[PDB]
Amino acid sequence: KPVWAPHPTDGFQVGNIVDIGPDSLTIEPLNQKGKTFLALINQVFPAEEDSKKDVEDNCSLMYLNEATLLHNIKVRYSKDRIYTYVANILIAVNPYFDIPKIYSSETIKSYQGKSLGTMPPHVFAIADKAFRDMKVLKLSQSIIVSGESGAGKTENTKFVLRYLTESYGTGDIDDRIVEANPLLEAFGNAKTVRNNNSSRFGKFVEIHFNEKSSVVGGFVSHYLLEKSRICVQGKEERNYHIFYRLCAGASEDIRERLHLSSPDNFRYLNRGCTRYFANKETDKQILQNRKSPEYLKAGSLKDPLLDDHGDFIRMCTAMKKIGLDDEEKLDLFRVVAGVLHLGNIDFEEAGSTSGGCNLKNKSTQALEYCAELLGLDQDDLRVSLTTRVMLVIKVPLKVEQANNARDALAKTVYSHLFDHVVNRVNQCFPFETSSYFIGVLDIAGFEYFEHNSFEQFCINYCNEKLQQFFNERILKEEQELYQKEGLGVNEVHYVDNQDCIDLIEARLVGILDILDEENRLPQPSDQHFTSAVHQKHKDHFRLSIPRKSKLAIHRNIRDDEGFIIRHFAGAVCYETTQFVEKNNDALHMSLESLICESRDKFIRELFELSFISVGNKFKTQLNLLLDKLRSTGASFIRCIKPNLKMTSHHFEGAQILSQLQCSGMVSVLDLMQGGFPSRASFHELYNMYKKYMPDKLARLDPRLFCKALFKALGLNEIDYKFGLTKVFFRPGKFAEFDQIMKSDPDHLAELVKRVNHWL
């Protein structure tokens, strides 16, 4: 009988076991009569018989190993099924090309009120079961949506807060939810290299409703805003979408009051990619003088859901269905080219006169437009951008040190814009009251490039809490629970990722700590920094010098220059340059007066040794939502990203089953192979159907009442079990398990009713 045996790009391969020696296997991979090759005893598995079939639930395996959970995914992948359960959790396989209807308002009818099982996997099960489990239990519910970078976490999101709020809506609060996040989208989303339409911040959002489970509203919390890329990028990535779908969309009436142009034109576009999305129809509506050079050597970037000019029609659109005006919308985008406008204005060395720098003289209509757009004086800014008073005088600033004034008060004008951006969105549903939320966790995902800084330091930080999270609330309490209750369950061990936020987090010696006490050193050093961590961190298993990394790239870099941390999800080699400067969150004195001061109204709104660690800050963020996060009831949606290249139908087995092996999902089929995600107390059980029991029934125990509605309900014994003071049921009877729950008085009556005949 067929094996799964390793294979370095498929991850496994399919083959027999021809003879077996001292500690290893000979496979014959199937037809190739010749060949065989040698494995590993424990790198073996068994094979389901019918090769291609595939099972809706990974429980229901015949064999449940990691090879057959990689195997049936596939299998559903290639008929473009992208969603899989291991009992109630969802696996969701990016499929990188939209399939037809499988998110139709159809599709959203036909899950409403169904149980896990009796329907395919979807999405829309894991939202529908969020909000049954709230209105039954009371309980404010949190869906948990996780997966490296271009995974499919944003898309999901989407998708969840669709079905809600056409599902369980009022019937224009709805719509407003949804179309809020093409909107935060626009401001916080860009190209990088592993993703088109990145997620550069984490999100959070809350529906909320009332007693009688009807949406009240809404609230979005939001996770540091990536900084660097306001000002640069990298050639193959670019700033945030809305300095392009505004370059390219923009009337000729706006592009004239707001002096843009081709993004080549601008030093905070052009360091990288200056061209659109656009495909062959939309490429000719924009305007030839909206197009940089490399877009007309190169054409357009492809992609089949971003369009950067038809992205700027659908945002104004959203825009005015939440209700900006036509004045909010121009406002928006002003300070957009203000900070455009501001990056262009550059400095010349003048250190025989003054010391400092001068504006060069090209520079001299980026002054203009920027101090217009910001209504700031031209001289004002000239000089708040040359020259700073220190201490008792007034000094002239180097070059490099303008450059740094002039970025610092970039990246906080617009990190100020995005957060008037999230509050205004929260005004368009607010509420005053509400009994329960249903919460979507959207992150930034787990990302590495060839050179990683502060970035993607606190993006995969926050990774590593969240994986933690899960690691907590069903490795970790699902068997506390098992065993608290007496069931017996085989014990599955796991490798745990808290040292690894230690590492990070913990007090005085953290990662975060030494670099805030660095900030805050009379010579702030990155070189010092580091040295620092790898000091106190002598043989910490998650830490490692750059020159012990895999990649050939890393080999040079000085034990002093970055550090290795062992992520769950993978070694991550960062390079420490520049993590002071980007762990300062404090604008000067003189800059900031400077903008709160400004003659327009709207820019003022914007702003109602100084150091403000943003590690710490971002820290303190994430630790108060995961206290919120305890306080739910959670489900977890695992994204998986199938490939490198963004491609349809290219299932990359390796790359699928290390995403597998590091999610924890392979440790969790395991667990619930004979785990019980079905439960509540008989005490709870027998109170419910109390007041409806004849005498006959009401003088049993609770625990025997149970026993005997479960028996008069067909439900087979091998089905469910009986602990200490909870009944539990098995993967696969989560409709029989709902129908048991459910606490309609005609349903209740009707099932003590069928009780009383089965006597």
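We call the rigid core the largest set of C-alpha positions that still match within 1.5 Å between the two forms. Numbering follows the first chain given and starts at 1. First, how it differs from the form deposited in another entry.
- With the two forms fitted on their core, the C-alpha shifts between these two forms stay under 2 Å for all of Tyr369, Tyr96, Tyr448, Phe333 except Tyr448.
- Put the two forms on the same core and the Cα of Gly323 is off by less than 2 Å between these two forms.
- Fitting the two forms on the rigid core leaves the C-alpha of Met62 displaced by under 2 angstroms between these two forms.
- Core-superposed comparison between these two forms: the CA of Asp499 exceeds or equals a 2 Å shift.
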Contents of the next structure:
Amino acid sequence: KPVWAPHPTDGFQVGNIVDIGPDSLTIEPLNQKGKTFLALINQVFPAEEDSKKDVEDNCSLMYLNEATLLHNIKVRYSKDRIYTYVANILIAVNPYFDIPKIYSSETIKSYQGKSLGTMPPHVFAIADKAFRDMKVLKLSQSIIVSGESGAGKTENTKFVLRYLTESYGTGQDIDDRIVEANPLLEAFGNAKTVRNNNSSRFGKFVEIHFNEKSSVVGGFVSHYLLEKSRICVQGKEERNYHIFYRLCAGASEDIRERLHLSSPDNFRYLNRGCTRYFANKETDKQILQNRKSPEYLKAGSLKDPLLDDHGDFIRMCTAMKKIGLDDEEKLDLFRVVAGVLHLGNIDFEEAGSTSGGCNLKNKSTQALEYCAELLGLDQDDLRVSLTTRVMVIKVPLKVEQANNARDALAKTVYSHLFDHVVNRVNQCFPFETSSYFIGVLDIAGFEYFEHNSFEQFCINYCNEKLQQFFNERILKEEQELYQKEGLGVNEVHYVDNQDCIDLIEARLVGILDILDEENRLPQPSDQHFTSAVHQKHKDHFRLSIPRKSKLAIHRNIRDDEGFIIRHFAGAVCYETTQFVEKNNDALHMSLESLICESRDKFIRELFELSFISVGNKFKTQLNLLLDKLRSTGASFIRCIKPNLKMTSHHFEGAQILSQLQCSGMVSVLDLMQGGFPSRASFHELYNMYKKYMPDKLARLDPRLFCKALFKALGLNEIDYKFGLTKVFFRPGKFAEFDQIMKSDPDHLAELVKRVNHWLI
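Okay, that one was the form deposited in one PDB entry. Can I see the form deposited in another entry too?
Below you will find a single chain and nothing else.
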């Protein structure tokens, strides 16, 4: 009798149905006899009889639906239980505080070799299940950690890597080198955004490699789309990459003087964003007064439970030394960071024309001197390369063009530094050969804002391709297997997004190749690119002009000023201004030659028609990643952001429900509950027990020995289902399935004995 009905902020609320209408139900809310509200019949759900209980696996609920799912994970969250299963899929709700001892070395040990369901839900169990599948099925594994910005993807990725390296690594300098290399990646690739204080501005796939003995030999980090625009400008509530602030706050006085550093407000590439440090009462005392910006002295430090610019610098330097980076290497990295900062301080003024173009302002001499010294460049060569350009003819630049050459040089130098850092990290844990790998995927999900540019376009392209993988693995392949085995499982359908992917990535006519065409034209134009997209995709369902938008804020955007992509996760209107500029990874040959001919060996090694497609380079990386994903066994962790305020114990029902809906988790609740996540063929099960079986058992058809074995083990006909060639085990039966699958000879003998006792 009480049901779940919609609630604007809680998602659902308890009530009683008092009336019915076509398409509607009248709901009386709990302890409010008289008051009523209407709801569409498909928005009203049965509730669990016991409202105080919680289940570890959502598949155990009497009624599995979006409302019961939300309530179950709510109750668990209020008891600081952030992990809950949906069969072998994990849901992780960001606690926004450190829950005591749930990631301890003791907690790690307790999860080792334990079947799913034998221990409470946890990321450690997902990591252990991937290890056991790799070890047993002799197949590489993938762990996909999904969710919105601030959901907890990066944190759960670290928990997976720590679990695997601590458990299946002997305990060696080599073994720790995968975990210890992380503060280095975050310093150069993470930054403070409005949604996350430690936002990842690059995607990653971290592979832990194993030998034949299922022991860690080493690892490999693949990185994607480092956000270039952040290098030069940030919003007032955002910062540039952590490294700049860690170096400004933590460097020794000798380092600060050698790099000519000062408080962040002195650098153009930092002073448009927030120049405040992450610090507490203690660490603020360790930061010298000369490193503190006026804003930091007025507003105080930024607050975060773990981020600390001074502490993170010391930790970073300690990690660098432990993984094998010497001081020379460390100082070379800092020199480039400082060089990039001084570069941003170079200002230009119009020349008297007469002679056209621009000059460096006399106030920029000191910045020019510092930048050229740190980048090992000749001062006049840098001065010339920032105010002129070559195109056959050398021509002067206007102020605006000079500001752009300076910003292009900074973005390219920094991006090349990040690539060096990722390669250097890979060089700490290399391996001659491996049998298998366990790969963890940590990358930004589908996103949109008021104004959508190339960055959003690239990320949303990635998630259109990943979505196809998710649909194919969880829905298409799973339901196909049930069909081929004649299990009669109720069919769950999905919209195929191959055409959406085609729109973007089709050869010649794909958006990426149309964009490439534009970059190779004599007069490249964003308007011309956008027109060529609309002209080449007239009848297309997925492609629309901005004037067809539902939102009024887009109706004034011209046909040649944008496009609407009807993505699987919802329509996104893109403003196409600067798509041509952002699509070029190549530095102009005049700037390229200048930096390649540096006096510094380190700088030259960063760089060891100027056009390199950002979109097509990314498509090639994405396809390689997708080939690895498709060739491996896949495990999924869906991270949930509980609120928009980074607060603990603030479960926002409506916001959480929207993520459960949008992620597609709801659409698969009935598939997953009425599914069979564990399976084995009757022949392989029979062949494994064959040498232990007596004639009475051996004479039987494989199907019949399996039947006898399951019955002797106290399994009911509900817990499993026999197909044509395979036996299938329901969710919540992983422990029993692993007991049936255990190949240990003493174990095989022991079970044959149980069968013999059951037959008598």
